[PDB]
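Position chain H against the provided structure of chain L, taking the given hints into account.
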Amino acid sequence: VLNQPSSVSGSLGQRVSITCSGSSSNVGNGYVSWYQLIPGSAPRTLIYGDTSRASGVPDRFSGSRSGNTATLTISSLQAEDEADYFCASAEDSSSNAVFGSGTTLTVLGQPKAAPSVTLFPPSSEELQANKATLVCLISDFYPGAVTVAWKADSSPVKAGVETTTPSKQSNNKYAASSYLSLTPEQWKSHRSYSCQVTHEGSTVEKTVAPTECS
Amino acid sequence: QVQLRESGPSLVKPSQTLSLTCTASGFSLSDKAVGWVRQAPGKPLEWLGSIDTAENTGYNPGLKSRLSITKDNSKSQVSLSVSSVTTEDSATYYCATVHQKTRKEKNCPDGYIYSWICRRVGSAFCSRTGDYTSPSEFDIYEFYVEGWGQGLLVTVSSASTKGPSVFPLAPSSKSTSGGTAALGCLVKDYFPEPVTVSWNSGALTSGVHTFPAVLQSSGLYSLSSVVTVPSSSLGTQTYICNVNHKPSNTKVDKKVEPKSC
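Chains as they are written, first to last, in the deposited numbering: chain L, 3 to 9, 11 to 27, 27A to 27B, 28 to 95, 95A to 95B, 96 to 106, 106A, 107 to 212; chain H, 1 to 82, 82A to 82C, 83 to 112, 124 to 162, 173 to 279.
Just chain L, with the same shape it has in the complex:
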């Protein structure tokens, strides 16, 4: 595998560089390629032949190689550059491609935002099916480091909790979701449940009660 930095970081408008270290038999042979993987979409071809730029790629992307080490440099770092980046080079044959361990690119400098939290109680339909699931949706926040906790009648709950990892939205702000899976008996053995989101010391807590409609 071509050694890449596990994760690098950059700031809006600036210039950042990613390395790709192989051996004499892959990178040493030369002809390195770089590809961009945006969550959701299919990979893109960025660079070929150490330096050649693909069609439609802006001139801010540049590639170079020195011996057994290539480098991709992005200038005027934009927000659409938050992605994973991979290098690749043939080895002992034009049909044996070797890829790099991959690098995640983080763009900093964006406006902060506090999470807007919505807590849905079990739907009537789901209750009639002898199942109960509390859904806590967390939207529009930056940075993306949140913490969720569940309170059943002021006590902390850890069983039946499953939380997604935050993911960017279309508006480039983060989102996450947490589900509490309960049997209808558990759901009614308490008077209220609470979803607590901790983000920048602040804690947004929503609360639902089975007796009310919410």
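Note that these hints are calculated values from the structure, not bench results. Note that beta-carbon positions come from the ideal geometry of N, C-alpha and C, so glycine has one too. Wrong hints could be hidden among the right ones.
Covered, in the sense of this in silico footprint (three residues per stretch, anywhere, with C-beta under 8 Å from a C-beta of chain H), are these stretches of chain L [as the list claims (entries may be wrong)]: (1) 71–82; (2) 99–105; (3) 124–136; (4) 172–179.
Same frame as chain L, now just chain H:
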């Protein structure tokens, strides 16, 4: 309009053999080479193999003993096959137009130059003993991926398919946020991925966001999609979520109505 579309099963049991097909569009398979690449969950890209216009195949060494690539010029298709699958073979699979070329560059010793043979600079004579040397060639192997397809997600597991259960997430009177309100669908207990959700047959795209899926202890996946709508329209405009689970050829159109409290 070069397009490359993958087709095949979304689930495969262990020990069996996964078989996929790549359908081309726009270009002729007799012109450009084609290869296959996979990426496991949270893993780096992995090379599989390629077939050229001369139907010659080259594979990833570590996986040669399980890989087979074929082509059909007429149907404009390329087929891939992987034997004795395991859970570690669960991944997303892409087919792509590739560029391959070997470049036979030669290198000369110090003090010499190519001109054919390596001749000493300033030699004057064509066949003087000590004014020429045999050039040694260095092969420079060229590879890069011209164009990519969408990608097909393949899961390896002994568990059996299951269709999803779609429940509403309706906005009550106490959930609104003034002129705006959040409503959604819950796609519960399905397997395997993927699931895709649209709203009002795609005619409602403003403010939609479909969350990643969680894998519960049951082995099944659950996922949620929500949309932000004017609170003025709740009770006038109808809102329907269109769920799609191809791994069980299911489509559910659930109508999310506002809660009447």
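Can you name, in rising order, the numbers of the hints this structure does not satisfy? 1
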